[PDB]
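> Each chain, letter by letter, is given below.
Number of protein chains: 2
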Amino acid sequence: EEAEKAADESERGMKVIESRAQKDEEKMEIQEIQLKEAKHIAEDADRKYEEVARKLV
Amino acid sequence: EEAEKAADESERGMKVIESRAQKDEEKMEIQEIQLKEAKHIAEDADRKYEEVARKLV
Numbered sequence: 179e180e181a182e183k184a185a186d187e188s189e190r191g192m193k194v195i196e197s198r199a200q201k202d203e204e205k206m207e208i209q210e211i212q213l214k215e216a217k218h219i220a221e222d223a224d225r226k227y228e229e230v231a232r233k234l235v
Numbered sequence: 179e180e181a182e183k184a185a186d187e188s189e190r191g192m193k194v195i196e197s198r199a200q201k202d203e204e205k206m207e208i209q210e211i212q213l214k215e216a217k218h219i220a221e222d223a224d225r226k227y228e229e230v231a232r233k234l235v
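Residue numbers (the numbering used here), protein chains in the order written: chain A, 179 to 235; chain B, 179 to 235.
Hints may be right or wrong, so weigh each one.
As the list makes no split between identical chains, a pair holds if one copy fits it or if it spans any two.
[Said to hold, decoys possible] Result set (DSSO-like, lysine-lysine): computed pairs, CA atoms no more than 30 angstroms apart in a straight line: (1) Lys201 - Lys183; (2) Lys193 - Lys205; (3) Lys183 - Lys193; (4) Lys217 - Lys233; (5) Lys217 - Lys205; (6) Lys217 - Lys201; (7) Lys214 - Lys201; (8) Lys233 - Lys214; (9) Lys214 - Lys226.
Treat the hints as calculated values from the structure; they're not laboratory data.
Next up, chain A with everything else stripped away, as it sits in the complex:
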């Protein structure tokens, strides 16, 4: 019971950190999207920079 309880406590710890890994996986994925979008914009803003800068020229 104590070992199983330890296993359960260990799983509870694990579920908090598994959930944390998942929160971080989700944040990572959100951030990965934000990265492709932040970089998309870095590039798009530069694409637009050139479109407008070209017009500026």
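Following the hints, complete the assembly by docking chain B onto the known chain A.
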């Protein structure tokens, strides 16, 4: 032995998961850093866009 093993599976679970959760925290932090760098590129790419777009106006 199965319960202690379960404790060890759950504890190993935590070691792998905690380390993984940290790897995910790091990948997440990396995506945060990268999206922020990309976002900052976007802040400047957009800022530069604004400067040329404003200058275009």
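> At 30 angstroms max between alpha carbons, let me know whether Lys217 reaches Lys201 within a copy, between copies, both or neither.
both (23 angstroms within a copy, 22 angstroms between copies)
> Reference check for the pair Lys217 and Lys205, CA-CA at most 30 angstroms: within, between, both, or neither?
Classified as both; 17 angstroms inside a copy, 16 angstroms across copies.
> Tell me, please, which holds for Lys201 and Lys183 at an alpha-carbon limit of 30 angstroms: within, between, both or neither?
Result: close both inside a copy and across copies, 25 angstroms intra and 28 angstroms inter.
> Please sort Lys214 with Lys226 into within, between, both or neither, judging by C-alpha distance up to 30 angstroms.
both (17 angstroms within a copy, 20 angstroms between copies)
> Pop the pair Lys217 and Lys233 into one bin, within, between, both or neither, using alpha-carbon distances up to 30 angstroms.
both (23 angstroms within a copy, 24 angstroms between copies)
> Cα distance capped at 30 angstroms. Does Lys183 pair with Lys193 within a copy, between copies, both, or neither?
both (14 angstroms within a copy, 18 angstroms between copies)
> At 30 angstroms max between alpha carbons, let me know whether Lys193 reaches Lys205 within a copy, between copies, both or neither.
Both ways: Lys193 and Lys205 sit 17 angstroms apart in one copy and 19 angstroms across, limit 30 angstroms.
> Is the C-alpha distance from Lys214 to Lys201 at most 30 angstroms within one copy, between copies, in both cases, or in neither?
both (19 angstroms within a copy, 19 angstroms between copies)
> Reference check for the pair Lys233 and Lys214, CA-CA at most 30 angstroms: within, between, both, or neither?
The answer is both: 27 angstroms in one copy and 28 angstroms across copies each meet 30 angstroms.
Checked against the numbered hints above, the structure violates none of them.
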